[PDB]
Amino acid sequence: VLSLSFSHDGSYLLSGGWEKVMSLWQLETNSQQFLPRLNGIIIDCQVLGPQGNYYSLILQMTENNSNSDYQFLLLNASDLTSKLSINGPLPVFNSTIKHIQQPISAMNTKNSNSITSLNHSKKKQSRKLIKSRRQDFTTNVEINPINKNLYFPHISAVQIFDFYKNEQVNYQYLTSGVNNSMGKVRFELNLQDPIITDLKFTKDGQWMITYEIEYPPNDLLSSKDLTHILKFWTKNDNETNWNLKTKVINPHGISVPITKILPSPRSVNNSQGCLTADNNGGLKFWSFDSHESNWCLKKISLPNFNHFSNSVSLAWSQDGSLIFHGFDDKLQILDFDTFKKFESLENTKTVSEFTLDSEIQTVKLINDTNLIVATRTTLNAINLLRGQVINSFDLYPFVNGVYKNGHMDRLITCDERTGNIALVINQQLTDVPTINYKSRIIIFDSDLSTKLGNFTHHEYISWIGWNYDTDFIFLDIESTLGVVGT
Amino acid sequence: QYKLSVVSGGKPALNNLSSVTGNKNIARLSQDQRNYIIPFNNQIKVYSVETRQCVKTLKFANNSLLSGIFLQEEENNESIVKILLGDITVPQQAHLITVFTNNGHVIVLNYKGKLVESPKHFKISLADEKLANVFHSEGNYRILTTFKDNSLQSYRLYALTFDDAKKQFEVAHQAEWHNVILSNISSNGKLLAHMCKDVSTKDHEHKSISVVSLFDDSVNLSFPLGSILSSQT
Amino acid sequence: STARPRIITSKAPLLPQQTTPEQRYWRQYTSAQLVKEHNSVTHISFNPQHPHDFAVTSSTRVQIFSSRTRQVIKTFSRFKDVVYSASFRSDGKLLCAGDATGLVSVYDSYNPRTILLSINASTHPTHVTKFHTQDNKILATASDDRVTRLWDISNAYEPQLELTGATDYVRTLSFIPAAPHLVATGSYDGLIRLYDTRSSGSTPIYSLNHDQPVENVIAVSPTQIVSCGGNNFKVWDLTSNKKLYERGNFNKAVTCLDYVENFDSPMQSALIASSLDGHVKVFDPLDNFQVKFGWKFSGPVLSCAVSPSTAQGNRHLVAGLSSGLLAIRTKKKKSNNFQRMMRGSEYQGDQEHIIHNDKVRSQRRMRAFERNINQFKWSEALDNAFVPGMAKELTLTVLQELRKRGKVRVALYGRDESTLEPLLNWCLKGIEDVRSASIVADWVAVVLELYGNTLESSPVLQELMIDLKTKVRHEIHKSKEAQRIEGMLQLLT
Amino acid sequence: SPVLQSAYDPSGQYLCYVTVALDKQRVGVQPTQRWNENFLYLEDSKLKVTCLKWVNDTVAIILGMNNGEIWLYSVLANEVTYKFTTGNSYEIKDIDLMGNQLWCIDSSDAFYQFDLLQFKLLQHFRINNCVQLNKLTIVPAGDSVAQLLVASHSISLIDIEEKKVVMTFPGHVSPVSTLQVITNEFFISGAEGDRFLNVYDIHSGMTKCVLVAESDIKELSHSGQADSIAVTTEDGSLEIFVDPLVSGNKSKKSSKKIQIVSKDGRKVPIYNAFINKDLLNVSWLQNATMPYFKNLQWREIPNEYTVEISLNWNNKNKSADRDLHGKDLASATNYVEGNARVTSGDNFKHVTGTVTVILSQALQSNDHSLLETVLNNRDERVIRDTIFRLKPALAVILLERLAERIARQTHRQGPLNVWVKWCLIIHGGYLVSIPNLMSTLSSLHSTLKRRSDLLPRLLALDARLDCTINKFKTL
Amino acid sequence: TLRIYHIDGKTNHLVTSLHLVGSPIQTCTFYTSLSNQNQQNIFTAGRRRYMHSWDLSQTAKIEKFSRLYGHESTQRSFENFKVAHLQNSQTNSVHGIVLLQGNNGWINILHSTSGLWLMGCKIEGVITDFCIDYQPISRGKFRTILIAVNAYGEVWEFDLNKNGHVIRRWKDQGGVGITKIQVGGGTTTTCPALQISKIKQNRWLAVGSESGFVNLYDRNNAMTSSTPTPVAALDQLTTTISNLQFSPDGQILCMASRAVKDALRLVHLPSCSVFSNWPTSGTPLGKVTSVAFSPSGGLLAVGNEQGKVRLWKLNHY
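Residue numbers (PDB author numbering), protein chains in the order written: chain A, 300 to 730, 734 to 788; chain B, 9 to 101, 104 to 159, 166 to 249; chain C, 2 to 334, 353 to 512; chain D, 3 to 36, 46 to 67, 72 to 262, 269 to 372, 434 to 557; chain E, 271 to 326, 334 to 594.
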């Protein structure tokens with residue numbers, strides 16, 4: 300149990316336990332009334348109205364093991380309806396940040412700790428943050444441009460937010476999970492909800508592309524496969540809830556991750572298509588059927604590479620002629636008309652097989668002339684009309700091993716009209735690397751011609767994008783959203 | 009050309025540092041059940057309880073004293089621990107708010123309109139051990155403070177009075193207890209309960225519960241969880 | 002607070018020939034009833050105005066059937082020999098029949114006891130007779146004399162027009178709904194000619210060749226026509242004067258063909274063709290006459306028809322076989356003191372100021388497995404998952420839902436062999452299925468890993484296991500042969 | 003109408019209205035500029060307010080009531096300060112005031128003059144040949160107060176120091192309701208239940224003109240210098256006459278007309294509007310008693326006009342917490358699929435005794451029943467002979483049919499597992515020549531791929547099986 | 271439909287008109303909190319399990342009580358209920374309560390503002406009616422009494438100041454099957470008070486029933502008798518008794534029958550004398566079905582089957 304409260308009379312007991320239920324214990328006959336589904340476990344409860352009219356309660360939202368996602372709720376005693384709900388944005392971090400501690404439960408699980416377990420986990424987390432160098436905390440964040448709407452792909456859910464008024468407008472489930480259909484109990488805590496790893500929108504904005512991976516319960520023979528699912532939905536501007544239209548089971552075959560996703564622009568098919576890159580180099584292009592209300596596999600390039608490395612990315616030429624593919628230690632340019640190599644009859648050494656030192660993290664074209672590629676050790680800016688390199692800078696002193704693959708892809712972005720803006724993170728240390739992080743955001747333009755502006759921030763920043771209002775949006779470890787703009 | 013500024017705030021300022029009180033819902037409703045005051049990590053939001061939307065915002069960065077006190081770029085030690093509806097100094101003004111942070115600060119501000127950029131700032135005395143909680147019956151105030159010397169924590173209880181001078185915050189030093197594992201205070205704010213390990217030292221059972229009245233000494237009772245517990249457990 | 006999410010049924014990956022809204026609709030064409038006549042039924046035609054009735058030709062006999070009743074409504078037997086053609090007028094009053102005497106009889110519907118008009122065509126037996134569509138008072142006929150005759154009601158004794166220019170055995174002619182003067186005519190030589198009545202007429206405006214004997218000409222659209230003869234059928238366009246398409250997907254010579262448009266359906270327009278097998282096939286001009294549906298009736302069908310667009314009710318589709326079998330597939334569509360004491364509930368609130376409603380709709384009724392799983396009685400939910408009388412797919416869905424939300428162990432702690440077998444009977448029933456084999460493997464593996472020695476103690480479960488081993492070795496062979504299939508397909512690609 | 007009496011203040015900033023509630027009359031003052048829940052109740056259900064006059072230092076109202084007395088009532092103090100009684104139990108019939116002088120007609124046909132500063136009855140008074148009277152006014156003769164007007168269906172001008180009548184205007188058939196001096200020598204009289212206002216010239220004792228309303232005239236007001244006169248009309252409207260004192270010229274019609282209509286069509290009446298130069302103020306009853314106000318510019322507004330006002334006529338009670346349907350707003354909406362189509366990543370789209439003649443016929447006309455009956459057989463020599471004497475493309479579409487039937491009924495695939503083998507064996511070269519192998523065997527590929535994917539877990543199951551098998555066979 | 275009107279002689283006009291869907295209006299009452307004096311709630315129930323509470334301008338604030346924190350098995354519906362004050366008597370806080378019938382004896386007592394299940398008292402046999410009495414104890418304090426009448430004629434007096442305990446018993450002399458009960462003469466439901474000091478013990482008590490009697494007792498002597506004799510046994514209504522209401526000053530008692538047209542009698546007290554001059558034959562009253570007095574002005578409101586409500590005034594007051 301987590302919260303015990305008494306009525307002003309002393310004849311009612313407000314109890315809130317681990318499972319997402321609120322119990323009214325009427326003491327005399329020892330009866331009870333239940334609120335069974337509250338979108339998160341309930342830490343605390345309290346009565347406010349002098350006659351006992353309002354029930355306030357603090358909710359933990361512990362599904363996000365990285366971020367203890369808090370929420371405040373206020374109930375009419377009359378109808379037991381959620382009179383008031385406040386909730387900040389809920390990012391999904393790659394690790395617990397500063398002091399987020401799993402709440403006390405019977406047994407230490409992936410979402411809970413015992414008591415000796417609580418102390419050991421505290422010491423372990425402190426030692427991990429002191430020792431390790433892999434502090435990424437990079438979170439996928441999307442922006443619907445048609446509404447300037449922030450989208451946080453929470454664990455088996457999506458939080459639709461609006462930074463203009465700093466409020467959460469929506470919380471939508473997408474997976475066939477048991478998040479709200481049922482609580483979670485002592486032994487079932489080891490069972491985890493599906494992780495919707497990927498979410499973006501088409502340039503049209505009407506369609507949202509989602510990729511998730513399924514986790515079967517442990518201690519089973521089939522407890523090894525990670526089922527990969529794609530989904531396309533639709534919402535209009537007159538509603539705020541997406542409706543699923545198309546649902547795809549295990550694309551590119553079984554147990555193959557589809558890590559890299561890229562939408563299509565409005566130029567090619569009015570942005571009704573998508574491209575998917577695997578670690579096996581497979582690139583599948585779907586698009587929406589004209590007569591029929593689903594998509595289909597319009598085009599496919601299906602290599603079969605024995606090795607596997609999820610360090611895969613792709614960029615799209617603004618006219619749709621060619622596709623850059625950053626694969627571990629290799630750059631490719633694929634013609635779109637047939638999914639074959641970029642063959643030039645003139646043979647002016649504008650080849651499509653470029654070797655690079657490390658695994659390629661990002662490849663982004665600022666226009667049809669300038670391409671910036673960020674590999675796990677460095678960054679290089681090159682021309683496209685002529686195969687001539689212009690700029691180069693290092694990531695070994697700073698981006699040495701802090702991140703895994705794709706984190707650079709989700710961090711760094713590019714605006715088609717002001718240039719490129721990058722991110723770097725440091726931490727002040729006093730004699734041990736102190737937890738106090740201190741990062742920099744740097745604005746460039748035209749394949750790093752010069753630094754438009756470097757700005758240091760005294761705390762960590764975990765995500766950067768650009769709202770199409772020509773204003774780049776950055777996040778903090780705490781759910782604070784700031785902007786650099788003109 | 010390019011300027012940086014914080015826009016949206018999330019995490020409400022939960023007093024997670026205490027971790028001993030079962031009543032850490034600190035955001036409070038007004039004297040009139042019309043609006044709700046909620047302190048975040050970076051601002052304080054006021055909502056009309058019926059329209060449900062934000063009717064007032066109090067951003068620390070935009071404020072001067074709030075920026076200089078709560079928006080320290082080096083330490084996050086100071087966070088709001090209590091909000092109080094009535095003004096501490098003036099008897100029955104209406105749209106006043108008193109704020110107590112982690113470190114003995116008394117901030118008097120006005121919601122429901124334009125926030126004056128000159129808040130009534132005060133600092134309490136004996137701000138050596140931390141401020142854990144504050145509350146009040148009529149007139150007299152009571153402060154719980156977290157004091158330290166086995167990874168356990170002592171709690172010192174003082175009585176707060178004021179209106180002698182603008183800075184004179186008189187502390188009575190009511191009482192003190194040691195190594196409290198868990199503690200809580202009644203909704204009336206007239207009683208508190210807590211446990212300890214002195215009985216663990218003096219017996220086999222690891223804790224005993226003591227309940228104490230605040231503004232009176234009617235209820236002062238200690239008893240063992242050994243007496244409480246059962247043979248089966 | 003939130004609501005309880007409804008159970009999410011698990012949808013399988015799409016199987017080939019997915020049930021389109023079309024295929025579904027051509028499946029709700031239902032209620033196929035067979036009736037017997039005494040010769041080969043020749044022609045069938047619905048009544049345009051009030052589509053509630055249709056006329057069928059037979060041996061010296063013309064029968065009017067209803068739509069809701071589907072019974073012989075009207076009887077025509079005043080013929081001497083077998084009738085050949087039957088056609089209604091645009092006004093839905095006069096039906097005209099071409100007989101084997103070379104004299105057609107047209108008279109009002111619902112009055113068989115009157116021969117409202119008997120027009121003598123050529124001495125050779127008359128074959129096909131039709132009304133105008135746009136015009137109310139002109140008739141067209143074709144007989145064995147290889148000449149078509151245009152007739153006005155006023156001159157019943159002399160043909161208003163004598164259209165000629167054919168080769169041999171004129172057997173079909175049709176009117177264009179757009180031009181109230183243009184006419185098409187198909188003879189035994191294919192080669193459908195195109196005449197104008199307002200011109201001289203004796204020479205066609207132009208002809209389009211159907212080499213094999215064309216037996217039907219249908220103006221499907223104001224610009225396109227279909228020539229339906231022989232094995233194949235060619236859809237031509239008049240403005241281009243050339244065949245837009247042609248389909249030869251029929252088995253024997255196509256015997257009948259009709260068209261329906263702008264009616265209550267997922268498909269906007271449909272084209273039916275019966276090809277002497279009971280084989281009726283439904284194409285659609287909007288899909289370039291692509292195969293959409295088909296029925297097969299044993300007797301070789303001679304005529305087919307469909308209820309018109311405005312049937313205002315149950316839809317009908319008839320196939321008359323040469324044996325004389327009409328197959329009709331139909332798709333079907353407290354006292355005064357007490358009233359005074361509760362006489363206000365019907366208000367519905369139209370005039371007052373403020374309207375408020377907090378009603379919640381009654382959802383679909385909740386099944387036993389869903390109920391048991393939601394109130395967490397897991398072993399009972401398993402037992403309901405292995406009750407006999409229910410669907411394999413439903414059992415599949417409940418199995419995955421159970422294994423996902425809960426753990427199969429807790430669903431499977433304390434069974435006896437007597438409640439153990441039904442699980443395994445479902446296993447032996449469905450392991451051969453592709454969709455569930457992995458799940459059944461999971462469940463059988465955990466059940467054995469729990470009940471190892473009880474397998475020994477219980478004798479029957481041992482031979483259940485034995486047959487399970489035999490069938491799973493059979494599936495081993497199937498899967499390995501499938502891997503060999505992988506091999507030579509990868510070779511051939 | 004629920005408003006018993008109403009009266010504006012000078013400058014048109016406030017109005018006081020007396021209305022009844024459970025048979026006790028309450029007076030209430032309101033501001034008309036943009046509530047005031049303060050009222051004043053009457054203790055006795057039987058005494059009612061008859062005349063009601065504004066007075067501008073504390074702002075006060077004068078209430079001539081049934082009892083026969085005058086209540087001077089200060090509004091800001093919200094209290095009746097003074098009570099002027101007279102020597103009678105009658106009902107005062109009409110009141111008027113100027114400076115410190117107050118004058119009134121009591122229905123006993125008795126004139127009374129009172130002094131406010133001395134709080135005293137200056138003089139009782141009576142006059143001959145005034146038998147019924149219900150209105151009086153006192154001319155704006157400067158500070159002099161002589162020659163005041165009285166009226167009941169016959170307007171009579173009377174001098175006070177001469178204490179006798181002077182001139183007699185023909186009044187109306189009905190008792191006079193409104194009587195107001197616009198300017199010197201010109202005044203308006205408007206009867207009860209009538210549509211005609213008489214514009215009388217005094218010194219002539221003659222009729223200057225007449226104004227015709229559209230219906231019965233309920234109430235009247237006018238601007239300073241006879242430029243504007245607005246009359247509230249009983250069926251509820253505002254008719255304004257503009258410059259009514261200048262040249269079939271005797272009777273003047275309304276110059277402009279103003280109505281108030283709700284959104285849905287219902288017409289809200291008006292009552293006691295006020296006019297100032299280039300500003301018209303309009304009052305109406307919003308709820309059953311609550312009065313609402315508006316201001317407007319009659320000069321700019323056209324000659325006929327309809328003030329629209331929004332009422333919740335058939336309003337839907339929208340609550341912040343209930344969504345558009347079913348659920349609460351804070352309820353995180355769950356996940357549903359509906360009729361969403363499912364498709365995998367391997368389904369490619371937009372990418434002797436033989437039976438040969440029967441196979442070819444069925445494939446040319448894909449009869450499902452015939453194809454089932456002809457695939458029922460399982461004789462391998464016949465399979466080989468057929469596929470040897472079968473067409474290549476016909477065998478290709480045959481393979482597609484086999485694929486779809488294995489998908490529909492995987493149980494049928496047992497004997498059907500060799501049909502595809504013989505097809506590939508005897509027509510491999512045609513498949514090499516065809517360009518789109520995936521496009522022509524996608525269904526086959528899906529079936530065999532899922533079978534191969536089934537393979538390994540199946541073999542693991544076999545190992546677990548024969549493990550426990552041998553285990554309990556030996557024990 | 272809830273319609274609220276504003277009341278005069280010549281002009282009663284529609285102040286507001288709310289429309290519920292699928293929730294018939296079987297009972298609906300005003301209510302004011304005594305402490306704050308600014309709640310002004312409206313409570314309504316019908317042949318359903320949910321009762322709507324409307325607070326007191335263009336959108337409505339309406340809640341619905343549908344969950345009984347103890348048990349839903351004691352009552353099939355909310356069609357009948359009443360509202361009353363209640364003092365905590367430990368903390369001198371005064372608040373509304375809601376009173377409900379059940380199936381057999383069950384009487385549910387809920388907190389009005391909060392919807393809690395405060396307590397319950399079970400009366401035996403079949404519940405037919407109950408009523409609310411107040412009793413000032415000292416200055417600033419009172420206690421509330423719930424009177425319940427069983428069909429046979431038994432009357433059970435509970436107090437609610439302390440939790441539900443029978444104060445006493447007594448049986449009505451006669452009244453084989455009672456239909457309605459009603460106390461009156463002081464502060465009550467139809468005559469609410471406006472502060473603590475204004476509560477006065479009722480004086481008269483009426484027990485009315487379908488074979489047409491109304492037994493009228495005086496509290497001052499029934500309380501000591503415990504087997505009381507009615508001060509009068511009125512019989513002027515031949516038919517079922519369906520509405521018994523006292524005047525705000527406890528001098529007039531109205532008896533109304535639902536069955537027959539023109540079925541209202543007024544009785545002057547303590548004379549126990551039916552008023553003779555009213556209603557006359559030509560008193561357009563209809564099949565009376567709802568009656569209520571005015572708080573002060575002696576008005577009388579009576580609504581009939583045809584939907585019309587008529588309003589007289591008792592000129593004396």
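Among these hints, one or two may not hold up.
As the list claims (entries may be wrong) - Okay, the calculated beta carbon distance ranges per label pair:
#1 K475/E / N103/D: 54 to 60 angstroms
#2 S521/D / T168/C: 57 to 63 angstroms
#3 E582/E / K378/C: 24 to 30 angstroms
#4 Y594/E / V261/D: 54 to 60 angstroms
#5 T299/E / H189/B: 45 to 51 angstroms
Hints are computed from structural coordinates only; laboratory data are not their basis.
Every residue, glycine too, gets a C-beta built ideally from N, C-alpha and C.
A quick look at each hint next to the structure:
no. : hint                                : result
1   : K475/E / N103/D: 54 to 60 angstroms : violated, 39 angstroms
2   : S521/D / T168/C: 57 to 63 angstroms : violated, 45 angstroms
3   : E582/E / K378/C: 24 to 30 angstroms : holds, 28 angstroms
4   : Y594/E / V261/D: 54 to 60 angstroms : holds, 58 angstroms
5   : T299/E / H189/B: 45 to 51 angstroms : violated, 56 angstroms
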